[PDB]
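Heads up, the chain below is alone and in the form deposited without the ligand; it's given as C-alpha cells.
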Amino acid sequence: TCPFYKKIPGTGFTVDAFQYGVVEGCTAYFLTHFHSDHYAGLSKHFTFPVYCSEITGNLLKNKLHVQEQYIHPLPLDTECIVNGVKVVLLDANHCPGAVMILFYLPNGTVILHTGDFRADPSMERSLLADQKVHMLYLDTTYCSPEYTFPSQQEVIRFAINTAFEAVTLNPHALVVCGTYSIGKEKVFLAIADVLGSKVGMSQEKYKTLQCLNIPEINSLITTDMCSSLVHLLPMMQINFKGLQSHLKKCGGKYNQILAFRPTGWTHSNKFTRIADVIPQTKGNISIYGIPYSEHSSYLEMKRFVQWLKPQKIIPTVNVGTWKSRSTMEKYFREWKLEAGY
C-alpha cells in the first residue's frame, strides 16, 4: 500500500509510486527521475498515464519498454494542464532528466515536490521566485550537519588533473570509471575529453547514454573498447580482482590501471580535503574514491529551504526511524526560528 508522503491531496496524482499496484483514485502517475528506487514497478504491461520529462520518457520506452501511448513527456519551465490541474516541471540538478514538480491545487494551495535534488542558488531565479509554497516534499538524504562534500566542479578538477598526470607519465595506463545507474556522467566525460579519447562501454550502457539528449554524444562514446583508453565498468567490478581480470582482456595493450569510484558522502569526508585524497593501491592498480554528489549538502539544503519559506515540510528520505524523523524536525525548527518565517 502507497504511503502518505507519495500522495498529492486534492488531486488524482501520485509521485514515484509504481510498486503498490493500482493506487485507488490515481488518474496520473508522475515519475521524477529514472532511478530504480523511484521507478520500482514499471514495465511494458503498465497501462496508466505516466507524466515525466522527455529524457525520462526516452528511458521508459527504450530500457523498460513501456508503450508509447502511456508516456506523457512535458517540457520544462512551462505551465501545463494535467487532468484539470496546472503543473510545472523544473530541473532538479540531480541526474539527466530529473525534475521537481510544482502543483497549483484547485483550492489555492501550492505544493513543491523536489524529487531527488541538489539545491543550488540558481533555483532562486526559476519560476519559484514568483509565488508562495504552502507544502514542500523535500529530499532529505543529507539532512544533518556532518554531511559535507565539495562542489561538483572541484571534484571534476581533481579527477581531470589526476588522470592527465598519470597517463602523461605512463602512456600505457588505462583509466576505468565505475557506474551503476544514470547520473555522474561528467566524471568519465571530462576525463576522456582531457585524454583525447572516446569512452568505451558495453552495448547496454551505450543504449542508456543514447537516451539522454547529451549534445554531440556520438563524438564522445563508443562500443569499440579497443579504440578507447577510458573504459566504463559496472561499479561492482571496481576492486583489485575485477580490475586484474579486466586488464587480462585488453590483449597486452596496457600495463597499469587507474580507476575511479564515484560515491556519495563517505566518513573519510569528515577528515580529508579533496586535494589531500589518496588512492588504494595493489601492484600496477590504483583506485580512487571520489565524493561526487547529486544530492544537496546540509548547507545547500538549509539555504534553499530558508529562501523558499514553506509553511510545512514533508521529508521523503530517512523516514523509517523515529530518531531520523525527530532529528529532521529539530533542524526544520531551527531554520524557521533563525530566518523568522
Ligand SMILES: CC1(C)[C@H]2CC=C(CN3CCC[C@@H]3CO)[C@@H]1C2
Second form
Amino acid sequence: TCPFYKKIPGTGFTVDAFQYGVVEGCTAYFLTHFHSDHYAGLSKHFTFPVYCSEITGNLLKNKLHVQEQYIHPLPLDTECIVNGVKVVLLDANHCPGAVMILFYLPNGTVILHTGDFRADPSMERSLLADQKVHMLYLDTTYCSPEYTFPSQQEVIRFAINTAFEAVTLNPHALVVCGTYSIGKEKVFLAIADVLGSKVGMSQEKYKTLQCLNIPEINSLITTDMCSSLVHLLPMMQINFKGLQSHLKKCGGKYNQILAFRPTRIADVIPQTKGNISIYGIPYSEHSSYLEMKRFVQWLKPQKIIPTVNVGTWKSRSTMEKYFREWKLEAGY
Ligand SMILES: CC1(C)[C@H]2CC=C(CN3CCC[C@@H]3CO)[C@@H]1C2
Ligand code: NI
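Same protein, different state: after the form deposited without the ligand, show the form solved in complex with the ligand.
Next comes the full complex, this chain leading.
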C-alpha cells in the first residue's frame, strides 16, 4: 500500500506515488523528477492529472508517452493554485527538471517536500524564506557524518584536467563517460568542451537530452560517433570487457580509452588494464551530511519525515538521533 510519507495530509495530493494503482482520495499526482524509482508505474495508459516541471513534462510525453491532456507543467518560483490549494515549485539542485514542492494547506500549515535534492545556501533566498515551514519531507539519502563529498565544481575541475592531459599526451585516446539516467550531464559536457568536441551517443540517449532545455544543446551533442572524441555508453558497459569491445568497434581510430564512472579528490587513481583506465569520480546530486544539517538548522521545521532509508528500524533510529542533535544544538 502507499506509504504515509508519500501522502500530503489535508489534501487530495500524493508525491511520487505512481506504483500503487488508483490511490483512494487522490485528485492530483505530483512528480518531483524523472528518475525511475520515483516515476515507477507511470506509462502511456495513465489517466489522472500529473503536476510537474516543464522539463519533467517533456520527458513524460516523449519517453513514457503519457498523453498530453494529463500533463500539467508549472513554472518555478511562482504561486499557483491547484484544486483549490496554493503550491510553489522550487529548484531542487538534483537532475534537470527536479523540484521541491511547497504546499500551503487550507488550515494554515505549510509543508515542504524536497523530492531528491542537494541542499545549497542559495535555497535560503527563495519563496522558502517568506514564511514558517511546519513539516519537512526530507531526502535523507546520505544522513550520516561519514558522507563528505567535494563540491561539484572541484570534481569537474579534476575531470577536465585529467582528460585534457591524457588526450594532449596521446591524440589517439578516446574518452568514454557512463550514464543510466538523467543527471550529472556537466561531467561529459565539460570534458567535451575542453577537448573541442561534441559528445557522441545513441539515438535513445540523444532523444532524452533533447527534452532537457539545455541552452545551445545542438552545438554540444551528436549521434555521429565517428565525429566525436567523447562517447557516452550505458553505465553497465563501463568495465574492461565492455570498453575493449567498444574500442574494437571504432575501426582502429583509437588505441587507448580513458573512462569515467560518476558514482581526497587530488589523490584519486584509476583502475587500469593495458590501454584502458577507469576513474570513479564522486559527483553527487544529493546533499552531503553537512549540507543537509545546515539546511535543516536554517529552516527550523517542527516535524521531519524522512523519505529515504525508511525500511529498517536501525536506519530510522539513526536518523531520528541526528534530527534531535541538530534541534538541541540550534535551539528550535
Ligand atoms: C544514511 C544512513 C542513515 C543509512 C544508509 C547508510 C548509512 C551509513 N552506514 C555506513 C556505516 C554505518 C551505516 C550502516 O551501513 C546510514 C544507514
Ligand atoms: Ni533522483
